[PDB]
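Asks: Please build the complex by placing chains V, P and Y on the supplied structure of chain H, with the hints as guidance.
4 protein chains.
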Amino acid sequence: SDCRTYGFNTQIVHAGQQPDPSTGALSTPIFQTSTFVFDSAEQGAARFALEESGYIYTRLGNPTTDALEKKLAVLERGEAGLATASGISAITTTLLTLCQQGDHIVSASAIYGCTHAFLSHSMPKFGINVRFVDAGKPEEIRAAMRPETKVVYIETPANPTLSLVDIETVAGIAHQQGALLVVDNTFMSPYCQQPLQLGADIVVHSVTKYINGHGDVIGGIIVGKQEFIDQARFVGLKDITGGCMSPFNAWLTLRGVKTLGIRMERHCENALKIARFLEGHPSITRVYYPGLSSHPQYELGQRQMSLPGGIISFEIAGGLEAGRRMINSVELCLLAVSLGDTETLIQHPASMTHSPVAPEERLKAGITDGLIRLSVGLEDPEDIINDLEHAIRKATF
Amino acid sequence: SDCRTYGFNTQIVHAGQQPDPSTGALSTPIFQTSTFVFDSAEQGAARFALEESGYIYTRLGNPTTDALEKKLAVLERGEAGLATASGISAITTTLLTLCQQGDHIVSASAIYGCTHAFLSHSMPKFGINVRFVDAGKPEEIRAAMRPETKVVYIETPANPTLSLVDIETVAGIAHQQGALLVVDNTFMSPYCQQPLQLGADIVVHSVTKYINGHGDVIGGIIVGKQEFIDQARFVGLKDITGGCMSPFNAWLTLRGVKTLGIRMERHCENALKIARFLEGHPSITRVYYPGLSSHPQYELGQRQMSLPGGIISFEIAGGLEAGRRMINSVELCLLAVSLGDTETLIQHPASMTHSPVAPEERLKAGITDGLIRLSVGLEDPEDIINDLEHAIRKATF
Amino acid sequence: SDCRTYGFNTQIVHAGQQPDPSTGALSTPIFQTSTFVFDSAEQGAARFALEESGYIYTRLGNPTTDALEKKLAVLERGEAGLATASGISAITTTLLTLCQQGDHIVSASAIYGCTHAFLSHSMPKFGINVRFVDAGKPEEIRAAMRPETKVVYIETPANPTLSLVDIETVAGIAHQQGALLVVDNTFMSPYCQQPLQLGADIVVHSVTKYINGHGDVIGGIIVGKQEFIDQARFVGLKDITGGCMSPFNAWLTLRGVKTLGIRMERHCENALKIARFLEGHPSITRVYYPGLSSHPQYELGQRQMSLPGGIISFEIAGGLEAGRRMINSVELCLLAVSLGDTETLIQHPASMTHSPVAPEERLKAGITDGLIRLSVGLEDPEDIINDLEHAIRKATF
Amino acid sequence: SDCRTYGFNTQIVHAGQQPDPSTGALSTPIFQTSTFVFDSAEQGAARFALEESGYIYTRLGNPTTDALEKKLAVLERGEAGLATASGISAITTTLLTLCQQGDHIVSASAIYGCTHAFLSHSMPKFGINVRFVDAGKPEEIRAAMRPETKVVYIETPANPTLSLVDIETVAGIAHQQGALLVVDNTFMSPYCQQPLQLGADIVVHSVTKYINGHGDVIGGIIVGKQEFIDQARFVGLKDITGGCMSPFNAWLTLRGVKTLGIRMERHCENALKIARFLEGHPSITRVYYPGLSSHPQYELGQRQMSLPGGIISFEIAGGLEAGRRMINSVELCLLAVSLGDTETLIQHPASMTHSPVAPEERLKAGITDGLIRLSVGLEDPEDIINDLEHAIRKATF
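Chains as they are written, first to last, in PDB author numbering: chain H, 2 to 398; chain V, 2 to 398; chain P, 2 to 398; chain Y, 2 to 398.
The shape of chain H in the complex, shown without the other chains:
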C-alpha cells in the first residue's frame, strides 16, 4: 500500500521507510559510505548520466538520506524532499538555486537572525536584492514586489513574539505576481502546519529543532516539486553550497522523527499549561503564545495550525535586570540558544545573544529588555511551572 494513504501518525512512523530488502532489517541501515560501486561500465554509464531515476544511489541520494527525504515529502504533502547540512543550508541552497544576479526577494522581517543576515548582507553582494517587510501585513508583501521578484520568503510563527503569517493569502499574492512562496516551517513542523497544502511552493526546515527533536543533530530539509528539488540537489547542493547531510545525521533524524506526533502533542499540551500559568502571573507583563485567546491573530492560528506549538515568549516585569535574574535563578530549564529539544530551554535575548546590538536596534527587532523565550520540553509541566515560578519570584521580589 501507499504511504500517502495512511493517517498522519502512521506516516510519521512508516513513510519513506521499509524493512531492508536484502536482510529484513527493520531499522533503516546507516549507509555511511562516500562511494557507490557499479556492476559494469554500462551501469556506470547509464545510471551516472541517468541521474537517479531508476533506483541507483549516489552520495546526493544516499539510501538512508533518501528515506528521510521521502518521509518529509509525505508529511509535508510535497513531491520530493532534499536533506541538507543545516537549516541555514536548506534556506541558502533553495534561494541560491532560484535566484541570480539582478533578482529580487521579498522577505518577512521577523525571521531567524542568521537568515536575516544571509538576506541582508550576503544576497546583495551576489547581485540579489531583498526587501524586508512585516509579513503579518500581506499588503506590505504585495507593495514590495517588483518585476525582478522571484520569491517571497516567510517564517511562521514569526521568530521572537510568535506573530503569525497568513500563508494562503501570501501564496495568492506571490503567485499572482509570478513569484514562488518559500515558507520556513521549522517552529511548527509537519505536525502543526502544512504550508504546501496552503499554497506555498517550497517548505524548508531546520530539522535541528522539532523534526529531529533530540538536540543532537544539525540539519535541514527542503520539500517541494520534483522539478525544483532536482535542481536544488543536482545544482544547488552539488554545485553551490555542497551542504549534503551525512547519512548518520539522516539516520538520527529518521529516528527522532518517529516520535514527532507524540512529542508535538507533549510539547503543545505542556506549553499551553505553562502559557496559562504565565498569563495569570502578576510579574509577567505579556505572554506571546498562539494557544492563548488573547493572541491578536488567534483566528488565523485556528485556521492554519492544528496545534499552537511548544515555543512561548514572555516579558518579565523589571526589564533587563529582571530578565538576567530570572535566567540565573532557574534550576531545571537550561540556558541555551536552540529550541525544539526534549529538555526545556530558556533564553534571554537582550541579556545574552544581543548584548552588542545597542538599545535601539534590538527593541526595533522585536526584542524588549524583559523578553524571555521558552522552548517547552517533555518534563512534567508542574516541574517546569515550579521552576519558572521560583525564578520569576526571585527576579521580581
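Relax, there's no trap hidden among the hints.
A pair holds if it fits inside one copy or across any two, identical chains being indistinguishable in the list.
Computed cross-link-like contacts, BS3-like style, restricted to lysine-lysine with a CA-CA straight-line distance of at most 27 Å:
{"#": "1", "residue 1": "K126", "residue 2": "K365"}
{"#": "2", "residue 1": "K71", "residue 2": "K226"}
{"#": "3", "residue 1": "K365", "residue 2": "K239"}
{"#": "4", "residue 1": "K395", "residue 2": "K274"}
{"#": "5", "residue 1": "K126", "residue 2": "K239"}
{"#": "6", "residue 1": "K138", "residue 2": "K151"}
What the hints contain is simulated information worked out from the structure, not anything from laboratory work.
Replies: Chains V, P and Y in isolation, oriented as in the chain H frame:
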C-alpha cells in the same frame, strides 16, 4: 609540549587531540549535540558576543570538529582549520567568502568537474567571472589576471592525467598581483604536499578521499590564516553555504587520519609498483604517474611533493571498447567514481561518467577514449597487478 | 537540585544527565573509547585500586553508560544501575553473580524462551538447579523453595498471555525464606511498573524493547543495591559474561528513553483501543490484555501497574491455518520476533518461532495454534485496526 | 573469486566484505537494528527453525557483524568467526560453551589478569577446575592433564614479559590427550601469528587492541570450526553470556582492521627501533622484546611469528621509585592500561595497576618493581625514543 614541534607522523596521530580533561577518555568524545548550554546569562552574553576566543564551544566550533580542524591546521602548517559538509563546500565556502559581484577568479582548467561547474556556471550568475587557464603554464595564469582578480585557484596534481602545477611560482604571480592563491590539495594530502609552505594562502581538501581514507565520509576542510578562517566560519558557513560538518563525520575523519602516514606510504609504494608494471605492458599506450621518470614534470614533482601519490591514470590500447572490456573484466578492483579509499577503485571516464559529453568535449577536457583512472588501495600490489594483467589481456587480445 | 525529587517525566528526560562540564554540550557526549588515560602514576594507583568511587571512569564505568545506568536507577528507584550487551546478559550476569554450584533458583515458567533455556539447560550444567513454577500462584513459589534457594525469578506480565505475578506477595515469600527476588520488568518498563518499590531486590530489563523503544539497540540493564551492582559490575561483567554495553548503544538508549513517558502513554492508549476492537470481533475467540475488564487478574494489575502496557495477545478462530493466513494478509503490521518498537509488530508463535516443538510441547507452554502476539506501535490506532480487521476477515471468511 | 585465495593484505582489506547488493554502497552498511522482519509466516517458520543456513539474518548474525566474523575467519584460516561484547566475553563464551561442572582446564599462568581471575575464581564456583602452569614449558602442560581435561588455554606472547609459548607443540600434547587448544592471539593478531595453522582449535582475541587498533572499541572475536562456532553462537552467546557485539562496534572494528597490515608493520618497525634504543641504554637493566636477539626463545619466535609485535616491556634501574618518576616524566607517551592503540601507551604495573597486591604476589606474577610496559604507536619512533630518553634520564639521574 607543542604539537607543532613533533615529527609529522607524531602530528598525524596527536595534533589537535588530547585525552578528555574531565574523564581521561583517550578517543576524542563524539560531541553529537546541536546545542550548548550556558551556566548563567553573563556567560551567555560574553561568550556569544565574544565569538569563541576563550574556549567556549558552539555548533560552528564543536569540540570534536575543533580537534579535526586543529589537526589539519598543524599538518598543513596553517594557522586555523575549518571543516565542512563536503569537499565542494570547502571550495565554495572559501570562494563565496572571498568573492562578491564584480570580482574575478583565475582558475586552473584541469580541475575536479564539479568545481569546474561551480566556477563556469554558478559563479558568473552571482556576478563573479572566472577565467580558466592551463595552470601547468604559469604564464597563462599571469596573462589572465585582471584588476578585479581576487583569487587564483589551482589543483595539483591536475585531475585526469596528473600533470603538476608549480605552486611556489604561481603563488608569487598571484601575490605580485595582490590575489590570494587557493590550492586544492585533495589528491596529495598533507603527507605528500604542503601548499602553504610553498606560498599558497589557503588550502582546501575533500577529506572524502585520503584524509579520511576509509570511503565512508563525505567532508571537506579549509586551512589558512585565522583572519580568513574566522570569516569563512562566522560568515561563509554561518551565513552563506551552511556547510557544517557533523561531529560524527569529524570523529570518523579524525579516526581515519590517524593512519594517514602509513596509508599514504602504502598507497604510494603500491602505485609505484603498479605504474611500473603498466609502463612495461605492451597493451598500455601511456601511463600518467608523477613517480615515473617519464613524467614531463618529474623535476617539479621532486621539489614539490614528498611522495608521488596513490592515483594512476593510463591509456589502454584499443580506445573506448577496450576500456569498457577491461573495466568489465576486473575482478578485484571496484568500479566507482571516488578515489583515496583503502580498496582499489577503477573508472573509465569515457565509458561511464562522461557518456553524454560528445567526442569533442571529453577529449578536449583531457579525457581520451582509452583513459582509465586507478585509485590504488592497500591490497597486495601483486594481487592488483594480477587483476589488471588479467583484465588488460582480456580487453586487448 | 536532586534528580530523585522531580516528577517522573522530568526524571525520564533529566535523570543521570547534565550538560557536559567542560563544553556545555547538551547531549551526553558519546565516549566511544576503550581506554582512559591517567595524569600521573599516583592517579593510576589510587583510582585503579579505588575502583571508581571518586569520579574516575573506566570501561566498566564509561561516562555515557554511567548516565544511562543512573537514569534507570532513578526511574526504578534503585541505588545503582548496570548496562549490559543484551537483556539476556542482564539476566545471566545477575544470576551468575549471585549463584554458585549447589545453589537453587525458583523461577516462573511463563518467561522469555531464552531465559527458560538458560535456566533449564545452562544453569544445571554449572551445578545450579532451577525449579519452574506457575508464579501466578505464589503458593507454588513458596512450595519450591529449598535451603539452597538463593533467588526467586519472575517476569510480569508473563510472556505469552500476559497473566500477572503479584510482586509484593512473592517478594515477601522470598525474603521470609532469605532469597532475593529478581524481576524482569522488560514488558512494563519503569513507566508502568516499579518492582523495587514493591519489594523486589533486583530488576532487569531488555532495553531492546521499550526503554530504548526504537528497534535499533540490543542491550540490557540491571538495577539494585550498590552492593549488589558493584559485584555484578566488578565480578559478573568483568570476570564472568564480559557483557559490557558499548557507549554508542548506551547513547542511543539514553536518546530512546527520553521519549519513554510519551511512547508508553501512546502504546497503551493504542493497545487499549485495539484490544477493545479485538474483544468485540466475532472471529477472535480470546483477547489477553491486562487493560480489559475480563482479565482474570484485573484487580492485581490495577494495584501493581500504572498502565496496562502495549502488548496484546489474542486467539484467532480457526487455529493454525487461520493464524498463518491472518499473518500473511497484514499490510501495515510487520512480522517480527521483537516487541516494544515504534512500529506495530505481529507474530504467530505456532506458525513461526515454534514449528519444531510438536503439538504437545507448544500448547503446554501457553502457545495455542491460533495465538497471535501484537506489539502495538505509534501509528494511528484506526490504521492498525483497519489492517487487523482486513487480515482477520481474510483469514476467517 | 574467493577471499581465501588472495594475499594477506588483500584479505585484510576485502575478506568478508562486498559492496552492498541492493545499493552498491562500498562501505558495509551499519545494520544498527534489533529486529529483522519476515516476508510471510513461512519465512518466519523456515528461517527461524533453520538457524541461519540460507542467508537469513538474525541479531546473533547481523549483516555488519557477519562481515567482521567472516573477515577474521579468513585472516585466521578458521571456518567461522563469532564477535562478542569484549575480549573477556570471547574467552568466557568459548570456555563456558565447552565446559561443564566436573570438567578441567589446563591454563597458562602468564595470562591477562582478568582471564586469570575468571579461571581462578569464577570457573571453580561452577564446578570447573583449572590448573595453572608455566606454558613456556610444554611438559608442565602435559603433566597437568587429567581425564576430565577438556581444554588447554594459552596466551602468546605471554602477558607481562613476552615470553613465548610453542603452539604447535602444545596443540600436539592437548590433542593426544583429547583436549582442545584455545589460544589467545590478541597481542599478535592475525597478521603476526596464526595459531589455527599451528594446530590450535580455537583462537580468541580482544579486538579492543590491534584488530580494531583505534582505542575506541571494546570487543572480542572467536574463530574456529563451524560446529564449535555454531554452539558458541546459538548456545554460549544466546543462552549463557549474552555477549553480543553491537553492529556499530562491528562496523568500527571492520573499519579499524582495514589498516591492520600497515599498522602492524608500523608498530613492529617502531618497537624494534625503540627496543634497540632501550637495549643500549645504561639505565635499563632488561628489555623484553621478541625481536631482540637476546630473547631466550628467539628461535621459536622466528618459527612461529612473522613479526615480533608492537609491545615492549622493560625494567628501569632503581625499581619502584624510578618507575613512578619515569612514568610521571613522560610527555608524549600516555599513561593507560590498554594496548594496541595508534598512540604510544605506557604503564607501570607495580606503580599503578597492582598497588594492593603486596611485594610477594606481584613479583611472583612476573611483575618487578621496575617493570614498565610500552605499547608502541604510530608516532615517529625518534619522538618516542626522545620522550623515553628524557623520562628515563630524569628518573635515573
